[PDB]
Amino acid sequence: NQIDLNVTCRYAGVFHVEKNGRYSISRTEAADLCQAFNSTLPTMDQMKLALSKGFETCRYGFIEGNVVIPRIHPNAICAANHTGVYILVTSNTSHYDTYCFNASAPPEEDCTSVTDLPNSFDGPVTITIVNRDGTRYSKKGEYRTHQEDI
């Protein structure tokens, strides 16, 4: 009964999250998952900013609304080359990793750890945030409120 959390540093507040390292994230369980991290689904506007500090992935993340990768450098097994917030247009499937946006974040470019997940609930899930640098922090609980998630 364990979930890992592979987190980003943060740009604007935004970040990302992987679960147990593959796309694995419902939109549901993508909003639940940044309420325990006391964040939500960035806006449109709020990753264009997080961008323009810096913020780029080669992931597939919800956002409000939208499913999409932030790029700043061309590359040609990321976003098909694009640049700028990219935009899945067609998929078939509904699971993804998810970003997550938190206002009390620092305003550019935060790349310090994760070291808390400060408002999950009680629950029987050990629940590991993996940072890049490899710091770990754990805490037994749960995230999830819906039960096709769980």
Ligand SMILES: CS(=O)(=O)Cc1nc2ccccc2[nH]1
Given for the second form:
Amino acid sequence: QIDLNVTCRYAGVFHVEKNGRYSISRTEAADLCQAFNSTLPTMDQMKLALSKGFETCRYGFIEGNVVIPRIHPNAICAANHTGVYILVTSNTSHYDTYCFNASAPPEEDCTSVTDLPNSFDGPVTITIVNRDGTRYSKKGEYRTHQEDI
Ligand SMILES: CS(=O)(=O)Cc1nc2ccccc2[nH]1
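Form deposited with this ligand bound structure, per the form solved without this ligand context:
The next block holds the full complex; its first chain is the one shown before.
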């Protein structure tokens, strides 16, 4: 069983946390976004999402970097930084991910996610968990890299 906690989308960008812990590799992140018919955001896409109201308190992949978007300074989120905070030094490789859905609304979309449209056949139950607790479950797989399996 896999839980995927997702957020609001902001200019198409959203955050995905797997199994309540930093547990996604960069290869898995691309596959996971592909399951949402999405891609890893570019830094420009992320900056526009930030400008629409997106912030999290979790490291996640974008294309090329691991970041935390921050609007409001918080001492426990990205060392009190604002803007798209870029992780510079870390020993480790597993984070959450951001994803970008080009078909989402242009600004804040805080409706819930009710599908995992591009998952593959598989036996494991994947549950999308919204911030409001609503859930969408479907049996499937999204990982293509043997290293992640
Ligand atoms: C339980 S796990 O350590 O997150 C490995 C895993 N990740 C998956 C993603 C989709 C379907 C099955 C999956 N099994």
